[PDB]
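Participant: Given next are the chains, with one letter for each unit.
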Amino acid sequence: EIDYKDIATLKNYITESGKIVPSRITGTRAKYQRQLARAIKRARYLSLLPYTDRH
Amino acid sequence: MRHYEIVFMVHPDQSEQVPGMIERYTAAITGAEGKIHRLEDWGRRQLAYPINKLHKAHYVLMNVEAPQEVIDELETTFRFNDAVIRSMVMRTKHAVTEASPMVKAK
Amino acid sequence: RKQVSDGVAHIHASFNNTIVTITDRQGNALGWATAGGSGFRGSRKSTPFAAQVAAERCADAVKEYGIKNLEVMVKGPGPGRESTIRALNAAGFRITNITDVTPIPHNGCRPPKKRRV
Amino acid sequence: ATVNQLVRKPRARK
Amino acid sequence: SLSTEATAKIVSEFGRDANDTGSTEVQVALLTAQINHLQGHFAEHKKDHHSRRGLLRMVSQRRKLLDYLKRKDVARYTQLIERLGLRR
RNA sequence: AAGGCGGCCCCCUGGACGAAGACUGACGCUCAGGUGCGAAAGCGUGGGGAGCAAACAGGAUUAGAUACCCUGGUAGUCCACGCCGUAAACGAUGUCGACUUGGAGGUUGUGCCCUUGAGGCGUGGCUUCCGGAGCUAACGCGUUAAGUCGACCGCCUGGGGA
Ligand SMILES: [Mg+2]
Ligand SMILES: [Mg+2]
Ligand SMILES: [Mg+2]
Ligand SMILES: [Mg+2]
Ligand SMILES: [Mg+2]
Ligand SMILES: [Mg+2]
Ligand SMILES: [Mg+2]
Ligand SMILES: [Mg+2]
Ligand SMILES: [Mg+2]
Ligand SMILES: [Mg+2]
Numbered sequence: 020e021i022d023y024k025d026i027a028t029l030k031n032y033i034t035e036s037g038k039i040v041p042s043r044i045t046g047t048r049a050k051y052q053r054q055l056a057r058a059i060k061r062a063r064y065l066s067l068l069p070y071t072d073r074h
Numbered sequence: 001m002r003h004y005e006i007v008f009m010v011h012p013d014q015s016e017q018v019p020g021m022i023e024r025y026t027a028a029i030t031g032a033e034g035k036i037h038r039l040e041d042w043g044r045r046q047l048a049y050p051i052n053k054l055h056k057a058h059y060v061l062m063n064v065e066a067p068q069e070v071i072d073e074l075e076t077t078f079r080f081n082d083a084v085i086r087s088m089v090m091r092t093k094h095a096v097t098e099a100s101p102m103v104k105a106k
Numbered sequence: 013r014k015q016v017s018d019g020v021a022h023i024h025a026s027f028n029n030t031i032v033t034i035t036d037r038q039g040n041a042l043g044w045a046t047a048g049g050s051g052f053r054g055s056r057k058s059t060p061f062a063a064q065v066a067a068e069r070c071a072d073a074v075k076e077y078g079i080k081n082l083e084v085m086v087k088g089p090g091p092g093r094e095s096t097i098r099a100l101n102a103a104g105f106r107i108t109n110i111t112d113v114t115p116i117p118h119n120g121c122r123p124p125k126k127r128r129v
Numbered sequence: 002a003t004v005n006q007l008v009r010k011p012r013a014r015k
Numbered sequence: 002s003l004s005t006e007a008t009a010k011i012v013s014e015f016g017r018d019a020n021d022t023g024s025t026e027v028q029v030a031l032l033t034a035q036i037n038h039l040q041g042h043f044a045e046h047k048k049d050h051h052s053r054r055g056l057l058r059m060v061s062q063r064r065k066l067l068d069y070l071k072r073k074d075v076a077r078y079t080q081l082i083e084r085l086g087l088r089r
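Residue numbers (the deposited numbering), protein chains in the order written: chain R, 20 to 74; chain F, 1 to 106; chain K, 13 to 129; chain L, 2 to 15; chain O, 2 to 89.
If you're looking for bench data, these hints aren't it; they were derived computationally from the structure.
Be a bit skeptical, because a hint or two may be false.
Below, simulated BS3-like cross-link-like pairs (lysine-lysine); rule was C-alpha separation at most 27 Å, straight line [unchecked claim]:
1. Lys50/R to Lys56/F
2. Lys56/F to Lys38/R
3. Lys75/K to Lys87/K
4. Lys30/R to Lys35/F
5. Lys75/K to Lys126/K
A short list of chain R residues far from chain K (calculated; beta carbon distances all over 12 Å) [unchecked claim]:
6. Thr28
7. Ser36
8. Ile44
9. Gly46
10. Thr47
11. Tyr51
12. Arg57
13. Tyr64
14. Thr71
15. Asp72
16. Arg73
For every residue, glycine included, the Cβ atom is placed at its ideal position computed from N, Cα and C.
All chains, full assembly: derive it from the sequences and hints.
Facilitator: As structure tokens, then:
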């Protein structure tokens, strides 16, 4: 159901340094949390989100 | 039959060669009973980080319903061509027909 | 003798030594100063006051280019992270950017063994 | 412990 | 195991109707076609000892199912062993 | 199944679990030999070589430094092809089945419900921490038992020798 193309959802789930916010802070379900992890890793290859705040 | 989402980006200096690669790859798919669901041209798009010393990459999003004949040849001609700098395919759950959030905002 | 007016401070912070280095936005180095040659050796070298005088002495060798707006690039987990930024403002500069540029490997290589004491 | 085990080999008297 | 066209056809081949799917002779054929499907796989993938456990599970499962038909009705047993190429 | 298994993507492939029915009709449990898997080190042949690092080189330390600490560094760590089959290979609990008050949760489904919110009400699979009865030498276990029982197998008989 979740998808990697809606990057505005992915901007709310990352930091300024490109780090993935865990489900402890956001309070989301663990079913989506494994899916949100691989959905960012799809977008990490396609140059949609930066890895770190270095570059 | 599998359901594929094919993501490939084109070198920005050959952005006019993109509609040639759209219809040449499609005729090999549809001849061997391959369906098609989504074909969206996005133009140039700013990169989150530089790749191959370039900026403003061309993006084309695809959805292809086809058997495993085209999955052998199309990934090799992506590595054979120098215009395609990144190639990525993925298996999806069903045949889907829905506009991307990039088209719905632009 | 030359005008650039845009500074970049790649400052280093190790456990043993802190190195302040001024450069431009295009990699061309302009001056450096280490805490070893500032009158601080060994245990005195691993002091935050040694980083207070290393940033000031390196700043005195880069005022020939007329730099007013500089960028601070902090690299390393070593002590003295605060004493070297306040020393840049004590030298008469307009501090603009502060950025942690500490290299973080993604478990690339194997770390060395423990130091049991 | 099992009786069916002792059919194969009885208890070893020292 | 297989697709829907490969599974449902062999049930109609050896079963009396479409509902005859739980019988033992169908269950032998579900394992017989699967082992014959995995002949070229393990030849290329001899280092895959984890899928070999699933292979040795189905070989041991087929051996137990042939022993039930052999001890009850040998007429149906001698049909299937040559109809699928068994007993080697 | 266990040792274990972690960038992403494709291809081949294994098991687990849930819902609704249909169908075979005890087809089952268990296992001495036998068979295969099996951390790392090490061995054989041929590649490969960053970083780390037995032996070793050098410098401090010291009574001496062989070790510690530091600067280097070969084998090995990598891949293919084998072999070796031992570990504190531990949940220090062999497997299967039946029952016996329960909670804090986690994970994974499914059924119904002013859908009146990602909710309410149930109901299976997996999993951790508490804890009653009971058991236990004590520690503790305690619906995943080390409770009460059945089915089968392995193993132990003072320490050292070993
Ligand atoms: Mg499956
Ligand atoms: Mg009947
Ligand atoms: Mg050797
Ligand atoms: Mg050493
Ligand atoms: Mg070797
Ligand atoms: Mg042993
Ligand atoms: Mg324990
Ligand atoms: Mg009590
Ligand atoms: Mg308890
Ligand atoms: Mg003895």
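Participant: Honestly, which of those hints from before does the structure not fit?
Facilitator: Hints 1, 4, 5, 7, 14, 15, 16 contradicted; others consistent.
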